[PDB]
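Presented below, as structure tokens, is a lone chain in the form deposited in one PDB entry.
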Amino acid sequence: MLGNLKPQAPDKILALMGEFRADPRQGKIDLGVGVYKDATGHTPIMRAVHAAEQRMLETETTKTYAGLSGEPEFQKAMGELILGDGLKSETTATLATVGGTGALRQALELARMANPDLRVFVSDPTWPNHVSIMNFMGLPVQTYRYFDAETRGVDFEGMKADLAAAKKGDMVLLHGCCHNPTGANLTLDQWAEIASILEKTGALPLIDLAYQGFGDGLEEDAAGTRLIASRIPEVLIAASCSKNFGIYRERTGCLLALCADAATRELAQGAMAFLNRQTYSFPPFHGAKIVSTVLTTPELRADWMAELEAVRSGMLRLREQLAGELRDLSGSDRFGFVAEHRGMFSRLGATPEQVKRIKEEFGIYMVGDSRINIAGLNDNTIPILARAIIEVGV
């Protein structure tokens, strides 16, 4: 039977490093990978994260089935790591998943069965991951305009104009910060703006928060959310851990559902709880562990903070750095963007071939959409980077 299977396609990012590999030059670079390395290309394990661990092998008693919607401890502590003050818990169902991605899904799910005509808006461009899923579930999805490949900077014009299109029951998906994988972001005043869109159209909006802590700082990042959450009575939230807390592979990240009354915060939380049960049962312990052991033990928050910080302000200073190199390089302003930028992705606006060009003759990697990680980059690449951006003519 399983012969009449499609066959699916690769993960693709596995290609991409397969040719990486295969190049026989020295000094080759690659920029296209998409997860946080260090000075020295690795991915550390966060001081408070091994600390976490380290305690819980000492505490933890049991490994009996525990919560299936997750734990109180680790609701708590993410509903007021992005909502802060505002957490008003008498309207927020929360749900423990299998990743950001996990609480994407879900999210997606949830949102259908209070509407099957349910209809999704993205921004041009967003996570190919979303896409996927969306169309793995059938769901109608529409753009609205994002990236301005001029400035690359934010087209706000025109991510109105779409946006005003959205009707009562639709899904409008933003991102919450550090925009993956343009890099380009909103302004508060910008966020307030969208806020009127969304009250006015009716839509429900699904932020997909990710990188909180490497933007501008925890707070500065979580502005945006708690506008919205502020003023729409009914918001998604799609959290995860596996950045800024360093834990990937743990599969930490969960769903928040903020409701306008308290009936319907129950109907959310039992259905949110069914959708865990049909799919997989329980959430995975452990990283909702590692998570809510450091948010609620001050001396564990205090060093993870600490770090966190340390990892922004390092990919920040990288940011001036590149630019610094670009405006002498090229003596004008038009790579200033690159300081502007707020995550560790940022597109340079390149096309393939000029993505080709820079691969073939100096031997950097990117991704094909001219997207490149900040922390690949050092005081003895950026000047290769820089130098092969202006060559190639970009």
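Numbering follows the first chain given and starts at 1. Superpose the two forms; the largest set of C-alphas matching within 1.5 Å is the rigid core. Compared with the form deposited in another entry:
The comparison between the two forms, aligned on the rigid core, picks out a single residue among 59, 332, 40, 54 whose CA moves by 2 Å or more, and that residue is 332. Core-aligned CA deviation for residue 345 between the two forms: less than 2 Å. Taking 2 Å as the criterion, residue 374 does not count as shifted between the two forms: its C-alpha moves by less than this amount when the rigid core is aligned.
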Given for the second form:
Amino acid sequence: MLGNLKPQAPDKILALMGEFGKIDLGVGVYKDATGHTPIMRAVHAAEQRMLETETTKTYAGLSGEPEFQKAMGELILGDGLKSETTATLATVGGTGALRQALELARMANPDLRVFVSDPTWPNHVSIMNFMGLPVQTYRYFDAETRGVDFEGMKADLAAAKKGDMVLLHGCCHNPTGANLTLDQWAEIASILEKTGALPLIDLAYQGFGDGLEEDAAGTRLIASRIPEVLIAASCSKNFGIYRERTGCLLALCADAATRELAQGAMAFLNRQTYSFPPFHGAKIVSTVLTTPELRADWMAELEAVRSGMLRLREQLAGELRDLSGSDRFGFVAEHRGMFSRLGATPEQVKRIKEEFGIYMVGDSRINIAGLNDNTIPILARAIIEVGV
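Could you please show the structure of the form deposited in another entry, as a counterpart to the form deposited in one PDB entry just displayed?
All you get below is the one chain by itself.
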């Protein structure tokens, strides 16, 4: 039996995590000045309170806990949360939210295609291939301007037929760092409504872009326009609870009847995959979000992080500038998120890691959070010497 198993290729990001004074600029995890990803204050306070209040660990709810579903929905959709038409499913991280989203959609439409961005988070395509779902890409990144090829994106999306799904990153686009503006989001809304394609929003960095509410702007706009939308959210990054594996899937529907259908289908999906969703991380989130004192502190720490990285971006672009007179490496300061695609060709990347000891994802994706004024100059010279 097991001997017939075909060997499976390594994951882009996770691979370097293993192959890793070395400078780690790979895996999408935030790190403080001392190269450590700390446990957020509000999070630590939440767990302390949990240990004291919980009296049992019995089987809880199949789709998660009501407190979690309600909290997450308000965080993402703000006052646009139409409870009577929204289904919520607690999942094993954002990745699980995506999988469940793909399974739900396929159940409803056995003949669907998925339009993903060029480029996009690698696991998006691996999972789709695994499920056997036909993937279609759409122009998003402009390797020249290092921005978004909006004209090409609209061009490609216009072909989406009713029944197709279009995957968009709610904010802080992994791995490019290039993002759409609110006006651009409104145009996509037009396209989606004209074509009737079901949009699936990957929301894994709410808080790292321009703030909690602003980062959700595009998603709230799509939800206000399109009658049926899917949102897969991850609590890993913005709550700093990566290993807890907590996130959720929101299914926005047109009528209260369809909601019940989807909610049941969602609950069924958990049952056939792993039964109940993990409680610890979800419990942490609901505790932070529902406790005013804890929310305020969380918001503050998250704001501090976002600002820090934004401060690092200026520095990096500045260093490179001094090593170029006055040119092109400014995109770094315009990119919003935790990643930024440089441009270093495949061979250039390997050379940098094997010589300068700095690990960055093959497609030149660098994690700006894992950098500081003591390593920025090193990176600056490292990429300068690697030329082009």
